[PDB]
Structure formats: C-alpha cells, structure tokens
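K.L.:
Each chain, letter by letter, is given below.
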Amino acid sequence: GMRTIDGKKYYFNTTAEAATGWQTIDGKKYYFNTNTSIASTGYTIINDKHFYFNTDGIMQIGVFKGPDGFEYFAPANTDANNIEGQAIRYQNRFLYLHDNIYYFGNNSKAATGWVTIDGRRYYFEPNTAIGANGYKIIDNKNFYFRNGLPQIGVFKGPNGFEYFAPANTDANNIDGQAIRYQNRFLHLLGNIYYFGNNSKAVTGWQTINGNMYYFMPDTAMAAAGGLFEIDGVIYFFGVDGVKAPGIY
Amino acid sequence: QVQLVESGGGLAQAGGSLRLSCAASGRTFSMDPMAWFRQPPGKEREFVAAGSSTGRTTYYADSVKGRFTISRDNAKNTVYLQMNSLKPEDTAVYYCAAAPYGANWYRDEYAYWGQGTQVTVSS
Amino acid sequence: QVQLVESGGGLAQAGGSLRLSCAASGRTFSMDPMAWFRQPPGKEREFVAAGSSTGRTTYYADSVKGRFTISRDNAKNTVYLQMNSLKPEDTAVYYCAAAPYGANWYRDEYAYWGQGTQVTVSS
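In the order they appear, the protein sequences are chains A, B and C.
For the first sequence, my numbering assigns the number 1 to the initial residue and increments by one for each residue that follows.
For the second sequence, my numbering assigns the number 249 to the initial residue and increments by one for each residue that follows.
For the third sequence, my numbering assigns the number 372 to the initial residue and increments by one for each residue that follows.
Read the hints as simulated data drawn from the structure, not as lab findings.
Here a beta-carbon is modelled for each residue, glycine too, at the ideal position from N, C-alpha and C.
Mixed in with the good hints there might be a few duds.
The calculated DSS-like cross-link candidates involving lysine-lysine, where the alpha carbons are at most 25 Å apart (straight line), are [said to hold, decoys possible]: (1) B:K324 / A:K28; (2) B:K291 / B:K335; (3) A:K28 / A:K65; (4) A:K29 / B:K324; (5) A:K65 / A:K49.
On the chain A side, residues computed to face chain B include the following (Cβ under 8 Å) [said to hold, decoys possible]: (6) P75; (7) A80; (8) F94; (9) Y96; (10) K136; (11) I138; (12) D139; (13) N168; (14) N172.
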C-alpha cells in the first residue's frame, strides 16, 4: 500500500490507518512519522537517535551529511550496541567503506576539504566526504588525486598532461600543484617529457630541434632506449628518446 | 557479541595449497575491508593480505605475493585466504581482521580480530 | 629559496682523492637528475658527470670516466662526486646542478645551479 500522496510516502496495510513507526517493506527500512505517518526523508531524529533516509524514505547506511556535518550511520552493533542505521561515535581515525576512504575527527564527523593527518595532506570531497580521486581544481589550483592524496608527476587533465610538481618548483607551488613549465624537456624518474608553450606535455610524433620523438599518448613519456612498435611499425629510439632514421 | 572465527587451517605439505575461511558474526561486514595477518614461530605478527568489500582494492605482503589470494563472500559475511605453493616458511598462526582504521591496511590497526588458527607446512 | 650548496673542496695532490657533496634545500630533488660541471682556470664551464635519481643511469666526461663516481642520497637530498686518482688537470671550480630541461643531461641547461667550490690538485 505504498502511495505517494502530495509528494509524501504512506503505507496502508489493508486499514483506515496509514502505518506509523519502523516498517520493513520489501527488504528496505522506512520510518513513518508517528504524528503525520509520513515516511522520513533526509537527516531524521528518532527517539533521540540520529538516522538518514534517502528521498524515497529508504534508510541509508554510510556517511551522510546532517546539520553538524558528515556522520557515520552504521550497521547495527558497530559501537555501543547501535541499532541499524544509527549515527555512531567514531573518533580520530580512518573509515573505509567499499572502495571509499573517510577520515573522522574528534567530533565523530568526517573531514571535508584539505586536512593533514600524520603529516600527510589529504583532500576529501566537500559534497560526499569521500577521498578525492583524479583531476581536481581547488581554489584555482590543479591537482591529481589518488586515495585523497595529491600525486606528483605528469598526469592527464581535461586540457592535456600537466606537471603536478613537488612544492616550490615554480611560483611557490604547493606539493602536487600543477605548474607553469613552458617550451622545455622534463626529465622525471627515468622518463622524458616535452612541454609546449601552454605548459602541457605533448603526445604522439614530434620534431624537436630537428630530432624526432614519439611521446606515448597514455603517459606523455617519450619512447626511449629500444625498439618500439607504434602503429604496426617497429622503430628504434635512443636513450634520450631521439628516433633513429629507418624501419626495423 | 561480534566475533571473527577462522577455520580450514591445519596441516599441508610444501607445494600444496590450503584455503582459510573467516566467518564474521554479530554485525554485517559487507562494507568493511577484511584482512589476514600471521604470527610465525618465535616471530611478531605480520601482515599477509587485505582487500576491500568489492575486491577492487587488494594488498599482499612481499612474502605471499603471487602465491596467496584474498577473496570474500559478502552474503556469508566471510573472507578467504587461498594459499597456493605452500612453503615451510608459511607455518604460522593465521588471524583474520576487519574494519581497518589506520592510514593503510598493512598497519595492525583493525577494529575486529579473529581467534587465530594454526597452519603447519611440512617438508 | 631553493639552494644547492657544494662542499668537500680543498687542496689535494696527484694520485689522491676528494669527495664533493651537494646538499639541496628548499625543494625535493628525489625525482630529478643531478649533475656536476667544472670550470678549469681560463676555460669555460664543462660537463663532468650526471645521473638519475635512482643512480641506475650515469654519464661521465671522457676525461674523468673510471676515476670519478657520481652518487646520491635521496633521503638527504644530496648528490656526491667521488674523485679518485686526481690529476693536476682536475683543478677547477666544481658546480652541482639539478633538473635538466634540455634534450639530454650533457647540455648545460639545468633549472638549478650551485655557487661552486674550488678543487686544486698539486703536482
């Protein structure tokens, strides 16, 4: 008897009375307000304990925002014999759910934005509290994240490959911040890159100083130090990435 | 109330294989990473393997890398350690653990620990 | 703010040795090739040695090959030049350099340079 009357969910048991209280309907938990019989949605207080329901009234388990920030709405019996879905004390530690990472502070709220934990700087997405992954622009600075940690190196963004550099490489950049790096080679950890006028690493076939190079489309690293098959054709590249004339 | 119970341990011979199970009860672990540690004779407990609930993130200690694989059955609240190419040096008390709270899963910072089970690899 | 500071210079004699160090501060050079150049009296600066951050790839000027060894300690953010079997022709100001931006490590195109230290080898 689930019907959406005026944008509000009620459940009639087949009774002039719409159900109230905790209801499990088709393996999903709902709470119908005892005054109005409406299915709770969003952050909800029930008997002085805190729960979270999605817009359909389905009780959620995980990390969701209430008026005091992101709380861990935990499986039953995670802390202090909590009932299923109830927000719990969870202090000064990481939380791992599925493939997501959170960090919880002294207030049992998940960190959002930039935070330092054991001398490492992390970024957790303000919208979800989930560890940042992939390319990100924050306060006009470009970063490339993995598991909440800014990565250092050359990675593909929406405008091509950027140099996400160690701190203080250019214009007092922050660790992992993309930097201006124009019309120059970058030699980084046994790999070679060439950066054009827009500070992006070039890819594919290039002629630089009269020498030919091929920069791998997936990494922007020069083919170097051996024979490489490119588009069904074997070429030979010097240790410096310079292509030797001929086919092999 | 919460308990992790290892089973499937005991004797095996070098080059052979064994699968350990760890069944969790008292709460659902279907979102939590689960892991294995081992305490070799006369040595400190050490990390073996850990993995997320989806299996998409897994780590292995250098000593078991390419011989042991971790897997789960979430409906059964259970984690497995498939041990292949067993060596005498794999002899140890094997512990499962769940819901790590440290900066990485190699660190022995886990909300829940099993009872440990003996694995003895001979010859 | 970023500085490369050479040390280990002095007066030594033919057949002897010196060991130069170059301590970097202000940024980490642990991914960058680092190199040594020298300026002999009345002559231009010339390449001496270069190497990768892992030390797996090193290059030497013909004149010093076999006698000089470049090495690094990434944890200390420092590069070294072990100078054995010294010759009078090794007399020069020695400069450390870091983060080459030219096509190869031989070209004197490096993002950072030290201020140099005197090495003198008497007959």
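K.L.:
All the hints need checking, so say for each whether the structure fits it.
P.N.:
Hints versus structure:
1. The suggested pairing of B:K324 with A:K28 holds, with an alpha-carbon distance near 19 Å, which does not exceed 25 Å.
2. Distance restraint check for B:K291 and B:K335: the Cα-Cα separation of roughly 17 Å lies within the 25 Å cut-off, and the hinted pair is therefore satisfied.
3. Restraint check for A:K28 and A:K65: the C-alpha separation of about 21 Å stays at or below 25 Å, so the hint holds.
4. A distance of roughly 21 Å separates the Cα atoms of A:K29 and B:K324; the hinted pair therefore holds under the 25 Å criterion.
5. At most 25 Å may separate the alpha-carbon atoms for a hinted pair to count; A:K65 and A:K49 meet this at roughly 15 Å.
6. The beta carbon of A:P75 is positioned within 8 Å of a beta carbon in chain B (closest approach about 5 Å), and the interface hint is therefore held.
7. A distance limit of 8 Å between C-beta atoms decides the matter here; for A:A80 the minimum to chain B is near 12 Å, and the interface restraint is violated.
8. At a threshold of 8 Å, the smallest CB-CB gap from A:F94 to chain B is about 5 Å, leaving the interface hint in force.
9. For A:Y96, the shortest C-beta to C-beta distance to chain B is roughly 5 Å, which falls under 8 Å, so the interface hint holds.
10. For the restraint placing A:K136 at the interface with chain B, the shortest Cβ-Cβ distance is roughly 20 Å, beyond the 8 Å limit, so the hint is violated.
11. For A:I138, the suggested interface contact is broken, since its CB lies about 22 Å from the closest CB of chain B, more than 8 Å.
12. With a cut of 8 Å, the hint placing A:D139 at the interface with chain B is violated, because the nearest CB-to-CB distance is about 25 Å.
13. Here the hint on A:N168 is broken, as its CB sits about 25 Å from the closest CB of chain B, past 8 Å.
14. Interface hint status for A:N172: violated, as the beta-carbon distance to the closest one in chain B is roughly 28 Å, over 8 Å.
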